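> If you want the building blocks of each chain, they are given just below.
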Amino acid sequence: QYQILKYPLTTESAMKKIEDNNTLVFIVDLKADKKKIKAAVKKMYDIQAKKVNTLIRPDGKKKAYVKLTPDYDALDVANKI
Amino acid sequence: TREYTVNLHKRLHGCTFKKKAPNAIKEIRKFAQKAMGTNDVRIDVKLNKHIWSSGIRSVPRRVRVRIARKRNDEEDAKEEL
Amino acid sequence: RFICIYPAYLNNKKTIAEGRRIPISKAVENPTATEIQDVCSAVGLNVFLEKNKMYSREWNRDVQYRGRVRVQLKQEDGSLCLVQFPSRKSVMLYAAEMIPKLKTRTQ
Amino acid sequence: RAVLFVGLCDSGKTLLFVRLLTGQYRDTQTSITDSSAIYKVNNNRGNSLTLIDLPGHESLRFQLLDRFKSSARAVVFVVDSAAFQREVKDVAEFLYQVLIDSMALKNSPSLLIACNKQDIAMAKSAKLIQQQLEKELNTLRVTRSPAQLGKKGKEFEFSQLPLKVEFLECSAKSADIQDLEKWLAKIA
Amino acid sequence: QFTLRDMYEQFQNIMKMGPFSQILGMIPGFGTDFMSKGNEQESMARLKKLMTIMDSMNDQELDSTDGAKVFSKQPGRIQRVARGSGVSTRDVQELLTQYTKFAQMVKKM
Amino acid sequence: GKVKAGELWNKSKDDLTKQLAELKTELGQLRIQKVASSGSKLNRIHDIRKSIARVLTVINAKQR
RNA sequence: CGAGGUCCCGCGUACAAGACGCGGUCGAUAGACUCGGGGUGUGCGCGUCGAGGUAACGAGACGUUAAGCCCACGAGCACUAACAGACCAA
RNA sequence: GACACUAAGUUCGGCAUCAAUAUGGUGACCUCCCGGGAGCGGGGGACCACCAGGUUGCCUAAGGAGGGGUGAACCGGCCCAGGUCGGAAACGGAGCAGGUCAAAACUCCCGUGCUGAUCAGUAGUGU
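Order-wise, the sequence lines are chains 4, 6, B, 2, W and 5. So that you can map any letter, position 56 of the first sequence is 124 in the entry's author numbering, and since no number is skipped, the others follow by simple counting. So that you can map any letter, position 9 of the second sequence is 25 in the entry's author numbering, and since no number is skipped, the others follow by simple counting. So that you can map any letter, position 68 of the third sequence is 81 in the entry's author numbering, and since no number is skipped, the others follow by simple counting. When the letters of the fourth sequence are read in order and numbered with the entry's author numbering, they come out as residues 63 to 207, 220 to 247, 255 to 269. So that you can map any letter, position 48 of the fifth sequence is 373 in the entry's author numbering, and since no number is skipped, the others follow by simple counting. So that you can map any letter, position 11 of the sixth sequence is 14 in the entry's author numbering, and since no number is skipped, the others follow by simple counting.
The hints are simulated quantities; they were obtained by calculation from the structure and are not laboratory data. Here a beta-carbon is modelled for each residue, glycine too, at the ideal position from N, C-alpha and C. Hints are supplied without guarantee of correctness; some may be wrong.
Unchecked claim - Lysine-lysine pairs mimicking BS3-like chemistry, simulated, CA-CA at most 27 Å apart: (1) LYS62 (chain 6) / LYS151 (chain 2); (2) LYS151 (chain 2) / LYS131 (chain 2); (3) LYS37 (chain 5) / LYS84 (chain 4).
Stated by the list, open to error - Negatives, chain 2 to chain 6, calculated, CB over 10 Å: (4) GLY85; (5) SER97; (6) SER98; (7) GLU149; (8) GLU155; (9) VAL204; (10) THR205; (11) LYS228; (12) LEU242.
Could you put together the complete structure from these sequences and hints?
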């Protein structure tokens, strides 16, 4: 069975999104969509997902931009990994 | 460092008229190279503008050029007067 | 109390001041402390090789160029070990002559 | 110390020299050697200077300027103001060497350009002679076939020189040498 | 531009501030076990030996934009430096390689 | 490797699940490290996957 | 063992390449500048006039102006560039 | 008037500037010994280069044993830090860097020899 989340995407752009818009970026698989990404994220990091935006690639994976609630706020969630 | 009157422009009539300006620029370079053995041929933009004043086709018959030699190796730096 | 024999002593490629002790006519190409010991030990001479010692007038630091050889001339009582070997010159020369014969050189 | 009078032939060196020493006129011929004499200055202390008149002939001018230059407290370069227009190039060329010689000296002598023969009608003014000489020395420092004149990138002018340089007008024919005796007093 | 003389000078400054060394151990921010043990005496003796090798070099080699290059084109120079400093040919090439790595990072600094 | 098939069958239904959720965690942390470049030891992040597969296979064979 | 020649440089009475011809400071070979000789047809600006229009404004006319602009020719003129130097040769 | 030729003048480079010797040095190289456990200590011959001031050849139109410089990564000589080598040590050796120099070499500037070029245009003679 395949897992939803693959690994965090760490990049300059992902950092700006974390710091300034408070979102988290992940590599998931291709067909997780989008609900599944939202749920998976919650249950893994104990947070409230407000929205998910998804893109196929190219990489052969899928990228999900997951924005969290303001009280969750995100710099911290990412710091523990 | 001395002031010199470049004809050789007269020679530029031996080339068709729509291209006299580039021929001019070459003649000035060769004039100052010659007389003036110790003279490299950097042409300050002022000279270029002088020749191109009435467009590519209508170069003057003469230009007065102020030129300077430094002595060692043979350079020359040359401008309009 | 043994004596000292540095390859510089037997080197025909060295000048006087560079450490040559025998006439060029008798000197040798590039004697190695090893070869020196190998010909001395094979004549009945008591000798040991000081592999790492280096001759003071030897600017080079390579191997073929270093080492020292020690031979016993007299015996504690005084008698020479081998009548045919009074002096040091005697050994140097004897060596200079026998090395160009070592199989390893005629090869 | 010595005051050297130099200049082209016929500029009036010997007559000025005579006028300064006697107040009179005298006939002269082209000079073939230098002549000298003591001059008591017009100021209170009345300092004495040794005026030295040097031949202007090309074959003698530099040989004698070299011989006396290190003894000079001052140099008076005499110019025929009436013949200036035709002689400009010859004047500038000689002055050039005089400027150079003067600067290469430990204690540079003070230098005057005496625009003589003003009594003649067609005489160019000292102002105009200075102007044309600057323009001319300006070309000479380039064409001249290491001490140099002023700054290479700026048009030559006497003020750029590491030397006291003055211009005045005069006439050796009594004469009109008031300013000259004033200057000689001033530099004594 | 990091020359061999520049490296020589940095080595002088580092050795100089070595003793000193007590005060440096009395300042926080250097993590746990700052300078313990104990390899500061041996480490400095090393820099000094490299300095003695550069003492056998000349001004051209020392002020060259790339001192390692001056020895690549004229390997005879390597032999001289080694003779004068009582060191081996390999030791001089080692210093040269180290200088190369040092200068690389200095421009990367 | 470090976890054999016999040992998986040895374990109780509850121990497989506990072992399962354990392997997942090791995996998740390996992927985090790999994020975030992972210190390691490639042979294991691969073994973690196969281990998990075996457990699931056994859970199925045994009926949980 | 140096007569001449090639290259070179500045140009053509020559010319598709090549060739040919001339000159190279003992110089007028080319350019610049000035003048001569030529082509157009009177410049910008300003002044007066101008049908008129309160005025603003105003096509245009005259004067300054044989002007202005221009030249692939000639002359004067070494100012600039023909430097520097190479090579072949019984 | 104008040109030539000899003598000759100015100037910047113009061109050019021996040979063989004694004595004492410095250096290099070779060759014999004595002493010594090494680094070495001690002593005799030979050759070459150069230097100091000193002769003479019968030597050239001139030719002085003049005064600087540089000394090269090493590749001239000295003094040689460090390090290196021999040594238990004392010391000694090879020696880079650095410094240095009557005495490797190479170069200038000086009287004297040739010698380009320059400027003068005088002295005579000739056309």
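> If a hint holds in the structure, say so; if it doesn't, say that too.
Here is what the structure says about each hint:
In summary, the hint linking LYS62 (chain 6) to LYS151 (chain 2) is not supported, as the alpha carbons are separated by about 32 Å, beyond the 27 Å threshold. Restraint check: the Cα-Cα separation between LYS151 (chain 2) and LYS131 (chain 2) comes to about 23 Å, which is no more than 27 Å; the hinted pair holds. For a cut-off of 27 Å, the pair hint linking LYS37 (chain 5) to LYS84 (chain 4) stands: about 21 Å separates their Cα positions. The claim that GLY85 (chain 2) lies off the interface holds: its Cβ sits roughly 48 Å from the closest Cβ of chain 6, which is beyond the 10 Å cut-off.
Listed as outside the interface, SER97 (chain 2) is consistent with that label: its C-beta sits roughly 41 Å from the nearest C-beta of chain 6, beyond the 10 Å cut-off. At roughly 42 Å, the least C-beta separation between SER98 (chain 2) and chain 6 is larger than 10 Å, which holds for a residue marked as non-interface. In this structure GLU149 (chain 2) is separated from chain 6 by more than 10 Å, as the shortest Cβ-Cβ distance comes to about 23 Å. The beta carbon of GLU155 (chain 2) sits about 17 Å from the closest Cβ of chain 6, which is more than 10 Å, so the claim that it is off the interface holds.
At the 10 Å boundary, the C-beta of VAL204 (chain 2) falls inside the reach of chain 6, the nearest C-beta of that chain being 5 Å off. With a cut of 10 Å on Cβ distances, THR205 (chain 2) falls inside the contact zone with chain 6, its closest approach being about 7 Å. Consistency note on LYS228 (chain 2): stated as away from chain 6, and its beta-carbon is indeed over 10 Å from all of that chain's, at 12 Å minimum. At roughly 32 Å from the closest C-beta of chain 6, the C-beta of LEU242 (chain 2) stays outside 10 Å, upholding its exclusion from the interface.
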